[PDB]
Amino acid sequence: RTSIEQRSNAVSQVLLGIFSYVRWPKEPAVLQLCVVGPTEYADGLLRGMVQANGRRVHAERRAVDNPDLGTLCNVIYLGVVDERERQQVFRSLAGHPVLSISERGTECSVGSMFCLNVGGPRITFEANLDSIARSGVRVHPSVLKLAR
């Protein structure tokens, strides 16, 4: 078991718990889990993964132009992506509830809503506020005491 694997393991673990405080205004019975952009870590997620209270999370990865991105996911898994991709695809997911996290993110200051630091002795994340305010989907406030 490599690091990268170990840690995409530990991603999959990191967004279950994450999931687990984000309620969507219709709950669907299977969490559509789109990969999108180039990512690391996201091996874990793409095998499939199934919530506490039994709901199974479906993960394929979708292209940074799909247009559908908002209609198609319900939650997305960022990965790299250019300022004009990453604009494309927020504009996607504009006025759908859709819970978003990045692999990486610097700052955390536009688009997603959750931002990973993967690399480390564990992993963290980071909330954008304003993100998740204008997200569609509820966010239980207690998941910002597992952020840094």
Second form
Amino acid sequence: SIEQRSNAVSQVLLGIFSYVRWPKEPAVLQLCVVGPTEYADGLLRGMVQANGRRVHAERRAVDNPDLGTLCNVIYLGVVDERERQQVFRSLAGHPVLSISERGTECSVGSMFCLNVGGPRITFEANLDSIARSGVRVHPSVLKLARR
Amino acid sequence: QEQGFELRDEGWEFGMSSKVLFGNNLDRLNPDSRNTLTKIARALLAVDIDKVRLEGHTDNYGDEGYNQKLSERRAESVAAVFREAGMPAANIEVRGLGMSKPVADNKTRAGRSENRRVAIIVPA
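Form solved without the partner chain already given; the form solved in complex with the partner chain follows:
Then the entire complex follows, led off by the chain already shown.
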């Protein structure tokens, strides 16, 4: 079910966040949901991390030039190739964790690309995208995609 | 779940220095990059990852066909290091994307340098 999947997306995102460190940790983690999505309704209700920090989420436009300073995390929906390039031009050089809802465009762009709809959520990770992100991501995060 | 919060200072091998970059028109690695790759390879195996996809890239200088081949040779050079690090040969997929998917601006020397790369992808 879509609700069931949305909650699973919320949990895997919280899981991934726990393996990430920002060079300047905010009081409130800012998440922007960008582009059409199926599984973000849970995210958008807001979350709390196990370290006590609130995650504030809202939808922002694909063509907002300040995405890189308006969030710590971007959850990227189904956007075409022009839009996708636009988004990552905006993010370049900002310390932003990027996660895409679908798992097919992970050659460039997002650090993590989810696969939702199987018995369990998995993801691909692009280490080059991670290296360029400006945030620290511990390799043991990769265990979340397995088992 | 959220056990990453227990992590301290060890093993953070995916930082800025972990990019796998190549010199202009080069498809071979030098000691700085091969050392970098072995550390990445060891980090992955340490967290029970035994399967990767390697995607090679070029900047946009020259014709498309030449760059397609160059990108494949780059991915092959990285695969060799993964094999020698202990990753099973059959678990390493190699792909060349040529000049088609730049991560940086080809209009600058610095940007072209960033584009000459192999991206290590850890599949689901």
